[PDB]
Structures are given as C-alpha cells and as structure tokens.
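Colleague: Spelled out, the chains give:
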Amino acid sequence: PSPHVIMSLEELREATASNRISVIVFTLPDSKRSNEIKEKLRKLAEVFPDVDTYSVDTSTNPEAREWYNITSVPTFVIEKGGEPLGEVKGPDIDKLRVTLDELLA
Amino acid sequence: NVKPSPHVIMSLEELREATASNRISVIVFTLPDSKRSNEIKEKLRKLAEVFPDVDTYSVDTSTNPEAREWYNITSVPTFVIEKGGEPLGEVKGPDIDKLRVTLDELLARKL
Amino acid sequence: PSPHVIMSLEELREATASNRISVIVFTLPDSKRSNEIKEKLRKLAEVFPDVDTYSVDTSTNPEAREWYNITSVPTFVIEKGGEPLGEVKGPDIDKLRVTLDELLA
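Protein chains in written order, with PDB author numbering: chain C, 20 to 124; chain A, 17 to 127; chain B, 20 to 124.
Warning: the hint list may mix true and false statements.
As a list, the in silico PhoX-like pairs of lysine-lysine whose alpha-carbon atoms are at most 25 Å apart [to be verified]: (1) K108/A x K126/A; (2) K62/B x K51/C; (3) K62/A x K114/A; (4) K57/C x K62/B; (5) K114/B x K57/A; (6) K99/C x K57/A; (7) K62/A x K99/C; (8) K62/B x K62/A; (9) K62/B x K99/B; (10) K19/A x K99/C; (11) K59/B x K126/A.
FYI, nobody ran anything at the bench for these hints, they're computed from the structure.
Let the sequences and hints guide you as you build the complete structure.
Modeller: Shown next, in the form of structure tokens:
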C-alpha cells in the first residue's frame, strides 16, 4: 500500500490545494530504501485520519523539485490548503510523525 | 489553493455578479438535506480543485426562490454551467459523473 | 519520451495490438492547447511503466478520426491488446489518470 504517485507539478498543486493535510515525500528512484520510506509513509497515514500521502520522484519532476525548493532527498513536505506547514529532511519517519502531531494539536 | 468550494450563494444579486465573469461557473441548485447532498458538495469541491478556471456555486432553492425562478429550475438537484452570464449547459439529476463529462465536452473543441 | 506521432490508422491499430497499455490523444494540429496536452500525456506516462503514449492529428488522419469515433479534441483512448478500455472526451488529464489507476487495480 503506497502513497499516490505524483505525475507533475500541476497534479501536485491541485492535490495540496485540498484542505485535508497532504504529506509529500520527495525521493530519488534508485535509492534502496526509497521503497521503504514510501511504504512507511503510507503505513503512517493509517493512524492519521484527514491525511493524504504523496510521493514525488524528483528525477522525473525537476519542476516540482524546484518549485518546492527540494535541496536533498528524501524530504517530506506537509501542506494544507496550498500552504506549507512543515518540512522534515531525511528518512526520519519518527520526526515526521512527531511534526505532524504537533500541527494537529 | 482554492476558494471555499462550492461557494454558498445567498441571493440572486450575488449569483448574477458571480456568473458575469468570463470564467466558467458551475452552479448546483439543491434542497437542504437530500440523501445525495454530502456527495454533491464533495464532488463539486474536487471538481473545483482539478479545474483551474472553473468556479463552483451552491444555491439552496428553499431559501432562494428568486434564483430558482430566474434560472428556470424545474427539479433539484440541477447543475447549470455558465460563462459570461450565458448558459452553456445543464445536467438534470444527481448525476455528477454526467456533470464532469458535460463540462469536459464544453471545454473541448468540437470537430 | 513525447507521445509518438501516428502516421495512419494502420500504424495505430498495430500499436494498440500490443499487450502493453496504449494511451492515444486525438488533437488538432499545432495549437498551443495541443502541444500543452501532449506534454501532459508524456508526464503521465512516467508514472506508468507498461504504458506507451501516442498522438493523432485528426486533420491529417481522417480515417482514424472516424474509426475511433472522435467528435471533439482532445480525446484520450486507452487500449490494450486491440481492445479499448476507456475513453475521456475533453481536456481532463486528471480523469484519464483516475481511469488508468482503476484499470491497473
């Protein structure tokens, strides 16, 4: 069970415009736990009710990498209603979980 | 981001100034709590998210009889598609799959 | 790789006979709406591995226009093994993505 794979900068901007919480992981494809971070991200979505998860392969989405100013991968971005609410740099799923919960408080 | 969508309309005067834009407006004419209503709102909402130049509106006919009369609404729910104050299409019934299809065909170029 | 430009109905029927999934956009020639939908189709192909994309100019392919019952542009047709699986009439790339995801489930 995976996060929704983003095809373009435009699909991504339409997604984050929802007022549900969007959590987006930016990755590189060949990256051996790129698949592990993706499934952990979706697994983590089960315990968060109003949260949708997305994955962006930066090697095929340079426009989205630039638009969200992604300077290292993996990076997580938290969005709501087109507003960025937080960012977690690195494959640290527990810091993302903590950050996400602070927003919901 | 997007307008709170669909935007709930209070009066005919507000509705006419909204649709006078050269953007495409989609208006759902409904009754207060019909067993589709929550799906009609969430659909209209997603359609505003996926369509950039499209604004979506909701008109409760039970509190807006002048808007019901003005647009000649004969049953609810009904969808009206407008641009520059002129009607481009209408979808009768709670068939919002029809609504998206109809809207796509209006954005297309015939032939 | 931008969608492959189709020369004829015969070429198109031979392409769609593959057991890979073919997605075909029917457009009118070099209008900047047309070039814009073609790039959208290319980006969508990157998130689907077993998908090939094609472009058909209805003004130079009247046989294919008639054969696929094309009455407005752009229209997308999804095929697999010579069988059409879905159709999207109009410039709704998001509904095409949704239709494709439901087919692969």
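Colleague: Against this structure, judge whether each hint is valid.
Modeller: Against the structure, the hints:
1. Distance restraint check for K108/A and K126/A: the Cα-Cα separation of roughly 23 Å lies within the 25 Å cut-off, and the hinted pair is therefore satisfied.
2. Distance restraint check for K62/B and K51/C: the Cα-Cα separation of roughly 24 Å lies within the 25 Å cut-off, and the hinted pair is therefore satisfied.
3. Restraint check for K62/A and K114/A: the C-alpha separation of about 15 Å stays at or below 25 Å, so the hint holds.
4. Of the pairs offered as hints, the one joining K57/C and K62/B holds, with about 21 Å between alpha carbons and a cut-off of 25 Å not exceeded.
5. Between the alpha carbons of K114/B and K57/A the distance comes to roughly 18 Å, so the proposed pair stays at or under 25 Å and holds.
6. Straight-line distance between C-alpha atoms of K99/C and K57/A comes to about 19 Å, which keeps the hinted pair within the 25 Å bound.
7. Between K62/A and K99/C, the direct Cα distance comes to roughly 15 Å. Compliance with the 25 Å bound is thereby established for this hinted pair.
8. Proposed proximity of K62/B and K62/A is supported: the alpha carbons are some 22 Å apart, at most 25 Å.
9. Under the criterion of a C-alpha separation no larger than 25 Å, the hint pairing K62/B with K99/B is consistent with the structure, at around 20 Å.
10. For the hint pairing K19/A with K99/C, the CA-to-CA distance comes to about 13 Å; that is within 25 Å, so the pair holds.
11. Of the supplied pair hints, the one linking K59/B and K126/A holds, its CA atoms being roughly 21 Å apart against a limit of 25 Å.
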